[PDB]
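**Student:** Residues per chain, in single letters:
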Amino acid sequence: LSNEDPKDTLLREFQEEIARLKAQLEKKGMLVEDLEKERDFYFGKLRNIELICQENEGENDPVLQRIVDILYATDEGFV
Amino acid sequence: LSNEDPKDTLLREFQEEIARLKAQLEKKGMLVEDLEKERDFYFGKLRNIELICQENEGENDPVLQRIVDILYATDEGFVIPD
Ligand SMILES: [Mg+2]
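Protein chains in written order, with my numbering: chain U, 1 to 79; chain E, 1 to 82.
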């Protein structure tokens with residue numbers, strides 16, 4: 001059991017908790033940035049595949065139409 | 001100005017700051033989960049597309065080959081189709 005004034009104990013502990021929370025926020029911010037990069041990466045692939053379907057008359061090609069259906073599905077387009 | 005002990009003032013203000021930071025951390029956690037769901041949504045579409053390319057393996061379809069090239073690309077950015 002400490003001999004310190006409890007108010008002094010808590011002022012120190014609360015400042016340590018504030019610092020810890022700020023550090024956790026920085027860590028979660030970097031996770032967000034990583035996830036934005038991965039999300040952008042996969043969306044960029046979908047966009048590039050859409051451009052291929054557009055260049056190659058996807059609406060006149062039955063296999064490409066099924067890929068187009070996935071591109072524009074509001075769910076994952078699973079069949 | 002108040003007659004409050006400055007230590008009592010800071011004990012209250014520090015706990016208010018802790019509560020605000022915990023709320024910010026919850027919000028960032030929600031953003032992480034939103035981004036994971038969006039990323040998984042797009043990955044699932046790409047996986048479904050790859051299965052259609054797999055189904056057509058043996059046809060030598062050059063448009064499907066260009067799609068597979070995108071699926072397995074390592075670089076970011078737009079690819080202008082030919
Ligand atoms: Mg052409």
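Some hints could be false.
[To be verified] Pulled from the structure, derived: some chain U residues nowhere near chain E, Cβ distances all over 12 Å:
| hint | residue |
| --- | --- |
| 1 | 1 |
| 2 | 3 |
| 3 | 24 |
[Said to hold, decoys possible] Taking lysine-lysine and the DSBU-like style, the derived pairs with C-alpha atoms no more than 30 Å apart in a straight line are:
| hint | chain 1 | residue 1 | chain 2 | residue 2 |
| --- | --- | --- | --- | --- |
| 4 | E | 28 | U | 27 |
| 5 | E | 7 | U | 37 |
| 6 | U | 27 | U | 37 |
| 7 | U | 28 | E | 37 |
| 8 | U | 28 | E | 27 |
| 9 | E | 27 | U | 37 |
| 10 | U | 37 | E | 28 |
| 11 | E | 27 | U | 22 |
| 12 | E | 22 | U | 7 |
| 13 | E | 37 | U | 37 |
| 14 | E | 22 | U | 37 |
| 15 | U | 22 | E | 7 |
| 16 | U | 22 | E | 37 |
| 17 | E | 28 | U | 28 |
| 18 | U | 7 | U | 22 |
| 19 | E | 37 | U | 7 |
Just so you know, these hints were derived from the structure itself, not from any lab.
We treat Cβ as the ideally placed atom computed from N, Cα and C, and that holds for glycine.
**Student:** Sort out whether residue 37 of chain E lies within 30 Å of residue 22 of chain U, counting only the CA atoms.
**Tutor:** Cα-Cα ~25 Å, so holds.
**Student:** Sort out whether residue 37 of chain E lies within 30 Å of residue 28 of chain U, counting only the CA atoms.
**Tutor:** holds, 16 Å
**Student:** Within 30 Å, alpha carbon to alpha carbon, are residue 28 of chain E and residue 28 of chain U?
**Tutor:** holds, 6 Å
**Student:** Could you grab the alpha-carbon distance between residue 22 of chain U and residue 7 of chain E and see if it respects the 30 Å cut-off?
**Tutor:** It holds: about 22 Å lies between the C-alpha atoms, which stays within 30 Å.
**Student:** Just to be careful, I want the Cα atoms of residue 27 of chain E and residue 22 of chain U compared with a cutoff of 30 Å; is the pair within it?
**Tutor:** Holds: residue 27 of chain E and residue 22 of chain U sit about 13 Å apart, inside 30 Å.
**Student:** Hinted pair, alpha-carbon criterion (30 Å max): residue 37 of chain U, residue 28 of chain E. Please report holds or violated.
**Tutor:** holds, 16 Å
**Student:** Does residue 7 of chain E pair with residue 37 of chain U here, judged by a C-alpha cut-off of 30 Å?
**Tutor:** violated, 45 Å
**Student:** Take the C-alpha atoms of residue 22 of chain E and residue 7 of chain U, compute the straight-line distance between them, and say whether it is at most 30 Å.
**Tutor:** holds, 22 Å
**Student:** Would you check the hint for residue 37 of chain E and residue 37 of chain U, treating anything up to 30 Å between C-alpha atoms as holding?
**Tutor:** holds, 14 Å
**Student:** Per the stated criterion, does the least C-beta distance between residue 1 of chain U and chain E lie above 12 Å, as a non-interface residue requires?
**Tutor:** holds, 20 Å
**Student:** Quickly compare the C-alpha distance for residue 37 of chain E and residue 7 of chain U to 30 Å and report which way the hint goes.
**Tutor:** violated, 44 Å
**Student:** Is the hinted pair residue 7 of chain U and residue 22 of chain U satisfied, with a Cα-Cα distance of at most 30 Å?
**Tutor:** holds, 22 Å
In terms of the numbered hints stated before, the structure departs from hints 3, 5 and 19, listed from lowest to highest.
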